[PDB]
Amino acid sequence: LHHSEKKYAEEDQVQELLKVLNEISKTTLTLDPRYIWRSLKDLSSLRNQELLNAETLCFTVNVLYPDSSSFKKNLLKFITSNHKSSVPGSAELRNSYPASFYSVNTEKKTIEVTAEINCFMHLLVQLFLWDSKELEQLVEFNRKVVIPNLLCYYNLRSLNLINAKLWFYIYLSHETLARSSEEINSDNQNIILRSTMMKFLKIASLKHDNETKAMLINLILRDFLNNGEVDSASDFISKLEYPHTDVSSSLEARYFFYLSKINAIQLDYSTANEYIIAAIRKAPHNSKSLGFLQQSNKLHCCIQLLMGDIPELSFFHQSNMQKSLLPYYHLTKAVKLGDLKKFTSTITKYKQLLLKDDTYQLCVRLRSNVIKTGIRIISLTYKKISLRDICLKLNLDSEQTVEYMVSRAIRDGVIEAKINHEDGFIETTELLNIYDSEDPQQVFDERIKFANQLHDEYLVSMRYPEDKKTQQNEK
Amino acid sequence: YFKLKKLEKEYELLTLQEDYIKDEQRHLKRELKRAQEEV
Amino acid sequence: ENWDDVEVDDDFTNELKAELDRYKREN
Amino acid sequence: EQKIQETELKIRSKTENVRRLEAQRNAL
Amino acid sequence: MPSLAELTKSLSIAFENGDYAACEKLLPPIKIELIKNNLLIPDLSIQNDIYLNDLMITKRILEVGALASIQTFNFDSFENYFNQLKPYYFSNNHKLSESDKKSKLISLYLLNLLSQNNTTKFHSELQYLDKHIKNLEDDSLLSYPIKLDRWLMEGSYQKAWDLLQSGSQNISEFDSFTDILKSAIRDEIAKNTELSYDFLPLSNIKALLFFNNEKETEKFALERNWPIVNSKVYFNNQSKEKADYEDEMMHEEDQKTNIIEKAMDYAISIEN
Amino acid sequence: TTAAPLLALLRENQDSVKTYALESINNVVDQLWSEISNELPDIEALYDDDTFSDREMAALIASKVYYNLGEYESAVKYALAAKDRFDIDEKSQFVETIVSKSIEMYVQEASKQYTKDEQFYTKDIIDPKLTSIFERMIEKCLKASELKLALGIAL
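Residue numbers (the entry's author numbering), protein chains in the order written: chain S, 18 to 492; chain K, 48 to 86; chain Y, 62 to 88; chain J, 24 to 51; chain T, 1 to 272; chain N, 4 to 158.
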């Protein structure tokens, strides 16, 4: 029964391993193994549940084990395994073949098979851990082994993509351990993890690997959010080492998502407004990306309300995610109408929900934005309005209070008006008629730059796949 | 050391073929003017 | 649905009939 | 081999431009 | 802490008796003993210590030196001892630190960022703390700079100026920063009267600047070169040479020439 | 973890404090190099101080400022003042780069100056700090019994 179960799943794993083995042996092609590894994550997730854990036991028996002798026993010890007589030395798939990792040349140590085996061995370990959700000692045991192994290898062009996806599981397993249970050992454990990120990033800077650095930057910027250091994030993004060429679309959306939250504390939303919009256009619409589209839209509504301008109202109802976007609608309504008591009761009921996404602090600063937006609304209605006429609307305190809040709104060039105290009314200095100025000419220059930007990229993207069809023989 | 310097000369051979095609594509438009107008 | 169906109206209901009060009295 | 690794990226981008501009030149 | 077997902890004794000049001369010999001490920087060799001479001697000395620069009005010294004691609070999260001087030094640091008008670290650490509700609201020390910065950009100086003068906590520890904070507001007030007012009387500006004499308002007029007419202050709205930085973007005169260059350059790249 | 506490002790005058502040930066590098760039002009100012004897260890860390920043042109220049503090056989990430980077700087200053004189390596025309490191790698290749790397780098 259990004998035929191990031969079926292992043959499918070797069949996929032999495909990428001959691709890296001929010259240098870095895109051939990458296409299979994308589907390998989905195929292995469903395959690990079937036939239990016995598919990876004989895989260690097949290939020679440099480090893996005691790693499979410690993984099966936590589950209190039963002895099926799976002891190595029974199932042999090698049988002295060149593609089978011939044993005699391997045992004599005249050839090195460890490069394409041991590096691939760590990949299958992290896949089974994410399915069973194992924590505590099993997380630290794997992280301690991989770090010296990566420093011993030279990290060739094809070797940089093997561990590129392993860093995502290292950071994920460490964060889920701290949120589940907090202790004093978890704090000092992250200290070593912060040093390991910078040591490997410096090595990958020489190879200029596009996918490797794309995964690191996403994990490094996210670690600064929990650590709470802006100087580490500000100096990191100043180098601009992130390639835009071969990185995946899912990795691009995560990059622009961090720049929106970093620039949000600098009180400059001009650049941050583009990063949050570009992150949505680069994020897939599938179900696996719904978690990112949910968090990205929550930040988009908060950026516009902090700019003094009301965002698009139809964005809530047209989308199907508005169930979680309902609290943000009451925030926009309270700022636009200008009611002081409505804003206090708005954030009170949802105060518990605003703590998870850490957007409650941005909601506290909306208290002043209620008046900032209310002044712009009443200014467009009345070009010349008296001093006591505004207090009768928003129910402000005194007449001197409303007079000094308008002078602050013109600091950034929002209202663009003047206050005449001798006459007793506030007059708007904006006559429009900007068609006679040079201001629209500056915006029109960027539209030509944006049009010709995609023209050069059009020749690069379309012509590249036609290179292989010329050399290949056709009928 | 011998095989390391061989890769440096291969980069120049790719440059010789790259710089010539970039110059040839602009000169082909001059031959098209002498072609469609003459025939 | 720009600036219309999202906020609806929620006005001009009982205040519209109240306008005829000042029209038929002060006049 | 530090100098070779810095110029290692030139084996592809320079090869692509020769192949990309081939059919583009052959078209004219 | 009382000094018994060493003079390292004697800094806290002289702090209560005054003479901050002699306390600064005793700082160099205290920092020398901290060099040979391996318990200064936290590491994996410390398990559980509830007694002194581990985290107690490191924090208590830095708390006295940080508060010493407050009475002597030294901002450069406050940016040192606090930034030196900041990593000693926690490596990641530490819930066992409870003291009256911990919340005071953190509050003084937030007022220091508003003194130099720092929008980087002031708007960041608010979300990086342990308690984002109780410590930022119920605690009057951490909520003191929050209500000032929120009411500064709001534009209401009636209730904002009361915390910088008649407040409860601005007497002793917060008084050192009241000089620049009130100076940073009047510098903004001077710039607001230029754009939004052509001329203003001396009687109405007296209440906005919170001055008790009319001659005090005219004192800053000569230093800032304000045109003065009868019973009024004229503002011509004088600007500086060009603007900002990043040449050939909204900087120098005759921008239409560069606009024409943008149409010529990117048009040739169409064929390229 | 910030570089402020360790870099703030260099603003006073002490023999022991300046030593402990610099040695702590050599232990933790990859974490703290973010804030060192702002204090870079204050650290390099101590190199010209004659009473400051740690310039050998200070120049080793000052070279790591641009080395961790990604600029290798200035990383090799400040690493030449370490003298005996500059490791050779450590074979670390910092050693396998600056030494290899000094080889490229040794070639650029050779072919350009070879037209004027071929004896520049003997005279002071070329920095002897680069020549001394260049000779250490020669003896390292002789121990490996490889004549291609030893004789090929001198060509």
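Don't take each hint at face value.
To be verified - Computed list of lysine-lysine pairs in PhoX-like fashion (alpha-carbon distance at most 20 Å, straight line):
id: 1; chain 1: S; residue 1: 278; chain 2: S; residue 2: 359
id: 2; chain 1: S; residue 1: 224; chain 2: J; residue 2: 26
id: 3; chain 1: J; residue 1: 33; chain 2: S; residue 2: 485
id: 4; chain 1: J; residue 1: 26; chain 2: N; residue 2: 80
id: 5; chain 1: S; residue 1: 216; chain 2: N; residue 2: 104
id: 6; chain 1: S; residue 1: 368; chain 2: S; residue 2: 315
id: 7; chain 1: S; residue 1: 224; chain 2: S; residue 2: 278
id: 8; chain 1: S; residue 1: 410; chain 2: S; residue 2: 358
id: 9; chain 1: K; residue 1: 50; chain 2: J; residue 2: 33
id: 10; chain 1: S; residue 1: 182; chain 2: J; residue 2: 37
id: 11; chain 1: J; residue 1: 37; chain 2: K; residue 2: 69
id: 12; chain 1: T; residue 1: 147; chain 2: T; residue 2: 121
id: 13; chain 1: K; residue 1: 56; chain 2: N; residue 2: 151
id: 14; chain 1: K; residue 1: 69; chain 2: J; residue 2: 26
id: 15; chain 1: S; residue 1: 305; chain 2: S; residue 2: 182
id: 16; chain 1: K; residue 1: 52; chain 2: S; residue 2: 224
id: 17; chain 1: S; residue 1: 410; chain 2: S; residue 2: 400
id: 18; chain 1: S; residue 1: 161; chain 2: S; residue 2: 150
id: 19; chain 1: S; residue 1: 43; chain 2: J; residue 2: 33
id: 20; chain 1: N; residue 1: 104; chain 2: J; residue 2: 26
id: 21; chain 1: N; residue 1: 104; chain 2: S; residue 2: 224
id: 22; chain 1: J; residue 1: 33; chain 2: K; residue 2: 53
Unchecked claim - Partner residues aside, some chain T positions facing chain S, computed with beta carbon under 7 Å:
id: 23; residue: 242
id: 24; residue: 259
id: 25; residue: 265
For the record, the hints were derived by calculation from the structure and aren't laboratory data. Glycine residues also receive a C-beta, built at the ideal position from the N, C-alpha and C atoms.
Structure-based check of all given hints:
no.	hint	verdict
1	S:278 with S:359	violated (27 Å)
2	S:224 with J:26	holds (11 Å)
3	J:33 with S:485	holds (19 Å)
4	J:26 with N:80	holds (18 Å)
5	S:216 with N:104	holds (19 Å)
6	S:368 with S:315	holds (15 Å)
7	S:224 with S:278	violated (30 Å)
8	S:410 with S:358	holds (14 Å)
9	K:50 with J:33	holds (16 Å)
10	S:182 with J:37	violated (29 Å)
11	J:37 with K:69	holds (13 Å)
12	T:147 with T:121	holds (17 Å)
13	K:56 with N:151	holds (18 Å)
14	K:69 with J:26	violated (28 Å)
15	S:305 with S:182	holds (17 Å)
16	K:52 with S:224	holds (19 Å)
17	S:410 with S:400	holds (16 Å)
18	S:161 with S:150	holds (19 Å)
19	S:43 with J:33	holds (18 Å)
20	N:104 with J:26	holds (8 Å)
21	N:104 with S:224	holds (15 Å)
22	J:33 with K:53	holds (13 Å)
23	242	violated (15 Å)
24	259	holds (5 Å)
25	265	violated (10 Å)
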